[PDB]
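Q: Chain by chain, the residues:
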Amino acid sequence: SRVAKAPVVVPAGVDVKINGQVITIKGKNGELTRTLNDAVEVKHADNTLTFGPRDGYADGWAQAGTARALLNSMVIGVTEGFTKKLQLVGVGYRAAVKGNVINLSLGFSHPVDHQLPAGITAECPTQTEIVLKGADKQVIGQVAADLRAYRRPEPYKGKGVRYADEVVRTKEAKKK
Amino acid sequence: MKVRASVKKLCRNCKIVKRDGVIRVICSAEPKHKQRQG
Amino acid sequence: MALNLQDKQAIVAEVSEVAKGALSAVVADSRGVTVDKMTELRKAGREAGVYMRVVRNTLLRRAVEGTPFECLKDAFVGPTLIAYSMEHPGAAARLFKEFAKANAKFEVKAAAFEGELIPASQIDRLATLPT
Amino acid sequence: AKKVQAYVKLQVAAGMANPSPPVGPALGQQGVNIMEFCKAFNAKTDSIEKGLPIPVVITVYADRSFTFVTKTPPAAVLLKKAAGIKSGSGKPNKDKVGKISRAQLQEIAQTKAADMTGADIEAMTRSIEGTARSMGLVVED
Amino acid sequence: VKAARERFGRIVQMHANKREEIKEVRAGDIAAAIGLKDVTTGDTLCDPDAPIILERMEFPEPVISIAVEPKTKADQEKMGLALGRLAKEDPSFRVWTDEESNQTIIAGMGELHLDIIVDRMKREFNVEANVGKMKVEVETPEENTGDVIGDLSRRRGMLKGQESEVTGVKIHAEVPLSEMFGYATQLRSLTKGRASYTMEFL
RNA sequence: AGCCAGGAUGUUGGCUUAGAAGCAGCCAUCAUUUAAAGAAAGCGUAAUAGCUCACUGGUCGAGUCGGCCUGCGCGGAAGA
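Residue numbers (the working numbering), protein chains in the order written: chain E, 1 to 176; chain W, 1001 to 1038; chain G, 2001 to 2131; chain L, 3001 to 3141; chain A, 4001 to 4202.
Rather than coming from a laboratory, the hints here were simulated on the basis of the structure.
Incorrect hints may appear among the rest.
What the hints assert, rightly or not - Taking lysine to any residue and the SDA-like style, the derived pairs with C-alpha atoms no more than 25 Å apart in a straight line are:
id	chain 1	residue 1	chain 2	residue 2
1	A	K4170	L	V3008
2	E	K174	W	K1034
3	A	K4037	A	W4096
Model the full structure from these sequences, guided by the hints.
A: Structure, rendered in structure tokens:
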């Protein structure tokens, strides 16, 4: 509603292609396509984007705000890309990457390999750092969470994968 | 969590969310303040 | 209690104190220390005077409404907080000195020691008057 | 390299400099020893409170030494030895909570206006007047 | 130290368990004497003229007391001799049938210590026995204060002094005597095995 | 709503004068010192630090906040 009542400042240097309800963008980095909800109306109007209630739907403004947020995320994806940083607290937790299939060494008993989707560059600056970059907020977050879910941090020492910013709620075991 | 037939805000940081119709209390301060069904 | 009526009143109630006395001061909100800015506004109240209003109700529109009747350049208050410290025995007294010397140390920042010069005269500070 | 960053309020009445033995040094975070335990308080702890309450700050700075512009004669001792009645809060609503008068106010105004000052010498005087009056009872002299 | 007369018959110096009898030991050697029926630990053996004492007069205080009973009520003589011999061997392990009622109570220095004692009783001096059932002062690192006191307040424990030294914190607490029953082991798991205490009948 | 930050140095309180700590018991004690000082907010509460009761100044461009009555709904709601 408020966010939907605001123009997307699509800079010059990215391709905008709106059609029906299916939307497509083409920036420096990648290419992003998504069909908005039926209750959303879009228009360019001189180097920007609008989202309003297409008539005959009750949550027109809600769907319009969701679409505004999604289109901004896509614009800034193709503009500057996204980047998720992941850390590995835990003894000998390596995150070696070969090709685009991370080889997570969390030492359960067995090897775990994570097949990334298309659009994720997963380098490992240190032994215990992952840096997923790419041009789609949703898939980068979802793959970072599929990783972190391998070893969610524990409350007692924090062993496991965590986002670089994630504050873990470390707690005391017991009196003993 | 807690499946009390009456969920309430036990702390200040508890929030009432209605995912899937089910009215839940989720608290990002104390995990013992996690309740399920209004 | 910085409501609309209290603003309509305190705009003139704060224009008056700087329109009858000397220039006033303004102090931002960046980092006051347990000793530095606390005891510094203490010594400000001590030496400067017991009439200075270190409070800040310096909204841009309230300023343009109340203060700008005299010295109408008060509505640029988009900058930070104001510690209004006037001076009793003439213009640019110990309060102004302390503010101008605090804008660089002994405080967070004094917002360039704003001051209020009724003249807005040519480019010269009040220093060409020796004996 | 600053003033007290080690605020740990555990120090019995000023007969001895910050008496650890009594209340118990639960505030065991103190890096102070027999080097900084007799440097400045031992030599300037006479004309403030000799057997009265004068709360000591926790200043331990990184000049590799301990020194600062210490506060004035503490109003906590001024209004408890200038009173006669050494009472205060706790039993202020039943009986004498200590003595506080205009004479004690003038005393503290002319005494503790050196370093424990506020928005005036008279304003720290009103500070000492509050530390004397909010005891819960005063002698209306 | 004992002011008595001891004599030698077999002198054995060998590996941990083996025993290679020799004829004499010189200064700087370490050997095992035999038939030495009088000297306790830390007591000085010497010729009729040599030092009355040679330092070493201090070893710790037991921290854990439990009672014990054999399978048959009347093997308590066997048990008392076993626990007099093992007590001779370990000076940090007492035994005294407290004459409050009659109960033969065993004071070691740890739960596993007393396990070792009981299984040595069952194996060497074979008597299968099942074990059973003040102003405290504690030192501990200044990180486990909250839990040790939670533990002390968890027990019927009132406290005396909230004083912290410099390499830790000295806790003082008034707790029952029928209580705590394992306070050393509770404390050791609780304190990261880095605390001592004392509980001598306020 | 979202953003630039500021709470004592009479004050272990004059305190159950064993403090039970600028935010244990505690009485109450703005305590000028103010875009602020409560002798008590979650962190250590028995105690620092670094986020900080409270409060506001600075930002920022149209609505926002809680209640009360009411309709129709939602959970409560498991058996062969």
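Q: All the hints need checking, so say for each whether the structure fits it.
A: Structure-based check of each hint:
1. Taking the CA atoms of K4170(A) and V3008(L), the gap is about 18 Å. The hint holds against a cut of 25 Å.
2. Only pairs whose Cα atoms come within 25 Å are accepted, and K174(E) paired with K1034(W) is accepted, the gap being roughly 22 Å.
3. Among the hinted pairs, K4037(A) with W4096(A) is consistent with the structure: their alpha-carbon atoms are about 21 Å apart, no more than 25 Å.
Taken one by one, the earlier hints all hold for this structure without exception.
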